[PDB]
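Only one chain comes next, encoded as structure tokens, the form solved without the ligand.
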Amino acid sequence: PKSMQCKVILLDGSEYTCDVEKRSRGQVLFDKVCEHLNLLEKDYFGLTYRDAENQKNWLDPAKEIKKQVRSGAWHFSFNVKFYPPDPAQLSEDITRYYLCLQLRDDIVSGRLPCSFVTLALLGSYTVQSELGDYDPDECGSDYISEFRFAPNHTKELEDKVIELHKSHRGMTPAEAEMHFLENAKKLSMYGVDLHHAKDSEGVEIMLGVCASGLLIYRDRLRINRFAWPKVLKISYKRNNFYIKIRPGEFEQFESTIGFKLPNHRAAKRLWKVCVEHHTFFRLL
């Protein structure tokens, strides 16, 4: 049996290395990573890899790893795939912990936009979880945390994290993580996967995929929302992605909305994440 070495970037930034038989399906590697992480609520999560364009792709657990990575390195990341709309309802604290680590990267990266006060509040719960009770000894008027909290760090943000951290005395890591999630879950881009596209007139839009449905972000005043029940059918053809929407009270037949993606691969990727999130929705 010939085995391929796999390297997985974990959500704490560390690297897990293991071997799988070269013809292994994704699920084999994923099971090894989740056992390493002591994770039981596995189906919220998945592995990604980067292709030659350095675009992220979900490793399909049902398909051979080699038919997905193809010419690329067997290098993966462990990530949240399905963001729980209600993290309080997860059965295990360790699940909420990994979701916190993913969200911290969502924030620092700018994928999850956040007001100054939300950045500071989330940062304060992370510090409480990571270091425990506020200690003046390792925090002078000039203090700067090791923790990355935001896409752009300022002294004013560091000071506000410390002010809020003082208020959390006696909070355990599980409690601070639950508070972090109660706040993060409310953010307008929580669990939203954004895809670049053009509408049928060639105007640049963003399509967002999430547990509740599909968003068409046209401009700040114009954001079309289609809850999953309103979506009859999804499809891709060449560089085009189509959604069929149930007729409204003033409609006789369904409507079709068409979108132009950059390339055939970007259309197929969008279709697959839509199908997957639609199934997640049907499980809620």
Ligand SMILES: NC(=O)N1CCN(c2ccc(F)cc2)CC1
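Residue numbers count along the first chain shown, from 1. Whichever C-alpha set is largest while still superposing within 1.5 Å between the two forms counts as the rigid core. First, how it differs from the form deposited with the ligand bound.
Remark: with the core as the superposition reference, the CA shift of residue 219 between the two forms stays below 2 Å. Superposition on the rigid core between the two forms places the CA atom of residue 253 less than 2 Å from its counterpart.
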Contents of the next structure:
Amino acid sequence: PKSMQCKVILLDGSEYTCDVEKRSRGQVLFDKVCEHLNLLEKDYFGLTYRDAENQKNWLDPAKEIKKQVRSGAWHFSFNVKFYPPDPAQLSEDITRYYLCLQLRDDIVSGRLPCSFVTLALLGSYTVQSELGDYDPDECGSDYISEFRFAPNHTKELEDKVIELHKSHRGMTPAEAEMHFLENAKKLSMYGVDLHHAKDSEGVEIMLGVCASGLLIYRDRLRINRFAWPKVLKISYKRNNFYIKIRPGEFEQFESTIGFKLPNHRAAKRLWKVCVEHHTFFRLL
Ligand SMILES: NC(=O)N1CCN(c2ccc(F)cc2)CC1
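For comparison with the form solved without the ligand, would you give the structure of this protein in the form deposited with the ligand bound?
What follows is the whole complex; the chain from before opens it.
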């Protein structure tokens, strides 16, 4: 029974290595990673891989690993797939911990934009969680934390993290993680998966997929939002992704909005993440 070596980048930046039979489905590897992580609330998470075009793909747990990674290495990341709109409702602290690690990467990477004050507040809760109570000993007037807090670090941001850290005396790791999440969850790009596209006139837009629906970023002045309820039907054909929108009360016919994606695989990928989010956020 021939087994393939799998390497998984965990949310703390460390590598987990295991073996699975070469005809294994993605669920087999995912179950092994989740057990390694002592994670029970597995529904929010998944494994990503990079395809032959270097795009991030979700590893489908129901399909053979080999028929997804195809010609590529058996190298994966462990990621949040469905960002809970109310992290306080998760049953375990360890779930909330992994969600925090994902969000810290979302922030440092610039996928999750954040004001100066919110970067420093989020930062201060991570420090409280990881080091415990503020200690003046590990912080002179020239302190810079090992912790990555932001896509661009400034001495002013480092100072503001420390100032807010001082206010969190007595806060336990679970408490600090919950405060982190209560703030992060409110950010306008929280849990938003962004896809480059063109509208039916060839104008460059972004399509965002999240818990509440599909977003269309045309410009800062023009953001259309389709709650899952309003979305009747979704489909892809060639390089195109089409969305059917419910008629308003006492309108006869649905509207179709068509989008052009970079290529057929980018269209299919957007279609599948939409399918997944609708099913998830219709059951949650
Ligand atoms: N198999 C079926 O009978 N349905 C058809 C509609 N479909 C859907 C998917 C995504 C979305 F955004 C809106 C609707 C769910 C599956």
